[PDB]
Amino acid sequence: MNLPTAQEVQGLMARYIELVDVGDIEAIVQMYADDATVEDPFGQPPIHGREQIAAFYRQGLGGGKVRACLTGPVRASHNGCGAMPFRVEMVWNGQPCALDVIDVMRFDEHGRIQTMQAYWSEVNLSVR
């Protein structure tokens, strides 16, 4: 693949959720560019490179008990970017928690996620 057209952005971003949804940490990290960055949550400094991004997803996913699902359609541009709304269900002190998130991604000219920014803070964390 080259720089993903808008339909290509959509399928990639939905796969990405499918991988979070099963917790294939290594297939996730192989969707990123070797020198990608992750800002998650957006505002905290960035995480550079596949090693660090791998350490980030293992800590987040390698537990407890994380599921994820789109909560509306992916919105894709014609320059290989996109944004998607989703909800992450996890376990916290045995209490089922959920977190509403939007991730923005910019891809590269091979269909690899070049930057990801995840929008959320505690206003989107609803403990039940």
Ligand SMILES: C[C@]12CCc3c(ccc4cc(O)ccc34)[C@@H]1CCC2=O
Second form
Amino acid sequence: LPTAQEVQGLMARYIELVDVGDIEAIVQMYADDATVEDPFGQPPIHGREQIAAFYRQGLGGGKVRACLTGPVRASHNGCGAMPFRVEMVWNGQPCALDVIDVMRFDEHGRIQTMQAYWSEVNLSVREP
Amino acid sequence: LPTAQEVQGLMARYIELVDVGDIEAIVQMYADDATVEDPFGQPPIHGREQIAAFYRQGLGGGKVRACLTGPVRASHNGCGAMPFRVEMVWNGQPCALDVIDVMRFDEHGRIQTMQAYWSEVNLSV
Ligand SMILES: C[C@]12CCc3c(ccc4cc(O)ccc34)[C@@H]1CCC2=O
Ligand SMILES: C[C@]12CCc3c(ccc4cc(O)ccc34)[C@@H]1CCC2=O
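Having seen the form deposited without the named molecule, the form solved in complex with the named molecule:
Okay, now the whole complex, with that chain kicking things off.
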């Protein structure tokens, strides 16, 4: 499993990929059998193909940005959690959404599970 | 289960209690049979007695400070995650540790599970 430092690097890279919107690069970070729960509480997304469609829907449209708003917290069992902000335009309204992603990586350094904690209480109208 | 807004309030209150070292109040926020994994990766402890002993050893001194460093993220199923920083002493010198706690609340508004994400990579001098 990736070391604590490696997890910090991997999770930070993920945010960089989301920020630029490189869908294919994001999908490649996931294990072909990964699961995504975003927002946490909803039915999971299973596998590369479904995950690709998920990111294309979320990042393939209007301009979206993402940035860490604090350091990645990493564990010694291939897991980590990170706080970040996502910016987007919702029907003309400039918005910001605060999120925390928790990830578990496998022995190949790929994301096995991702859980995104957030809800409408974390949304707000704000200029980019 | 607590609503998303209620989760935000409960988790913020927890940090306030940690900051002042109110062990008794912290323990009461947990379900009687709750589990704590801190740091996540280590074996979980079970029950209020074990949890109380854990917090007594961690905050017993009285020189530990804690504060949210970002908003509490909350779900619609009684769960939340929050980023915070704790300040204490390491090797006889002021230090800081960045942590993210993930909590699940039960139907009675008590913490059923807490998982604290952090490691040495989050410790600064
Ligand atoms: C889809 C989305 C843009 C990207 C995004 C959202 C929420 C959680 C995320 C978690 C991630 O790890 C990466 C991207 C997002 C937003 C929900 C509303 C929106 O426009
Ligand atoms: C115990 C401790 C102070 C408080 C604290 C730590 C780690 C995770 C925590 C998680 C919490 O939800 C509340 C308090 C802590 C530190 C580990 C080293 C230290 O001095």
